[PDB]
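Listed here are the chains, written in short residue letters.
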Amino acid sequence: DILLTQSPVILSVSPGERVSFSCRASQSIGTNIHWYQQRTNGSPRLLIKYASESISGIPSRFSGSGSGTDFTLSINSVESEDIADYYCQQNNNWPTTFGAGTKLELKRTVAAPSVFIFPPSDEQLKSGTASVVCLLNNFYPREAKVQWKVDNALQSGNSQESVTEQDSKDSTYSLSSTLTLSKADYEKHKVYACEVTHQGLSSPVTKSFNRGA
Amino acid sequence: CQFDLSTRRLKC
Amino acid sequence: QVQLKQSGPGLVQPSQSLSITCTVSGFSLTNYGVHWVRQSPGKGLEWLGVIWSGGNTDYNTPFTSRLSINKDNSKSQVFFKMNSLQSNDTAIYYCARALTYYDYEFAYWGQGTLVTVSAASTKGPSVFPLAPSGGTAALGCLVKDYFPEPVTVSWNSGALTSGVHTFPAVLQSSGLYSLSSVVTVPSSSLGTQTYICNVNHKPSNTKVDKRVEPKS
Ligand SMILES: *[C@@H]1O[C@H](CO)[C@@H](O)[C@H](O)[C@H]1NC(C)=O
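Chains as they are written, first to last, in this note's numbering: chain B, 86 to 298; chain Z, 32 to 43; chain G, 946 to 1161.
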């Protein structure tokens, strides 16, 4: 089988900049290469076929070149909607094979997260489990720290985080930190705080609530 | 990196 | 318009078989071939095979033994079946159609079918409100304790999309998934608009509409 090597693994660029993706084949495959875009939760979208030939409905800022073993996919002016993974495909040799992709990340200005805390619902409490959720909304860059405290005790190992991929419109991230405790533990304590630390905040921001208030 | 089934995205 | 719609996501017991239906429209199966491609953590994008216009099949080398593709032209359906799934067969399975009848430039894709290989039992989620309490309020739904992935969440039956964030699911120690979906809205609209998260877990046929209100 032909091996396709895409480089680099991650690309980070600012909007309006030009960007190039490399696809390199293990032996010559002429111009028999196709390119695909994969957005978050998406199926692949065919961008360029046969190295350079355009595809209907694909914006003209997309183009490709190359022949033999070294191929290039180019976006002349990157837009926020281009945040995606990119894959190449060869079909000069059976079976058709794909490269392992390049991730396109967008740079943007620093944005401090908007922080929200959510107590467990009374509905969930009936199950004997309590989830405390902390939301950090629309921030950049991706690095952030959430620190949980219950009655001033530092919480550790009982929280999980999930981060969205970059927004296609404003290029920000959002993060949820979920603190999970038993109903028994939850009822034994009063003050629940999540402290958020981020480059766009000059001080850490704390959101908290008192149980049953 | 990893290919993540939940998001269908490269997770590095 | 050309479309390919696949059967719903689901769970397959280890050593058991995977069946997916690809139902096409906007073209005839007598005119085009339909390909199968998967996307796994182990091997990324991997072409599996094709049923051509005339009914002939090709299968990628490591699948000749356990793969079978058939179709019903009249019903515009393509049937994919793979035997003996192991854990590393967990992947998104796609059906696909090329631009030209004989070629492999995949312009049209099914929406993908997430297939989990596991011995575990299917389990529908519980849905709990994330109740709201500078004029912008945040609210959401905690979609907890389901297996396998995925679950779909939308807001107000598709009508609310702006400011929606649906977080990637996380696997808890229990081996069950959890997820939140949030949305920011004007706080002045909380006494006026209703906010509902529509949660669908197809593998368990669990459909729940959860109304989310400010706590009293
Ligand atoms: C799964 O396991 C088999 C046996 O080790 C291996 O040959 C195959 O490449 C694997 N497939 C994947 C990672 O998708």
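There may be inaccurate statements among the hints.
Partial list, derived from the structure: chain B residues whose beta carbon lies under 7 Å from chain G [to be verified]:
#1 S97
#2 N178
#3 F201
#4 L210
#5 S247
#6 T257
#7 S259
#8 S261
Think of the hints as simulated: they come from the structure by calculation, not from any bench.
For every residue, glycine included, the Cβ atom is placed at its ideal position computed from N, Cα and C.
(request) Return the numbers of the hints above that this structure violates; sort them in rising order. (result) Violated hints (numbers, rising): 1, 2, 4 and 6; every other hint is consistent with the structure.
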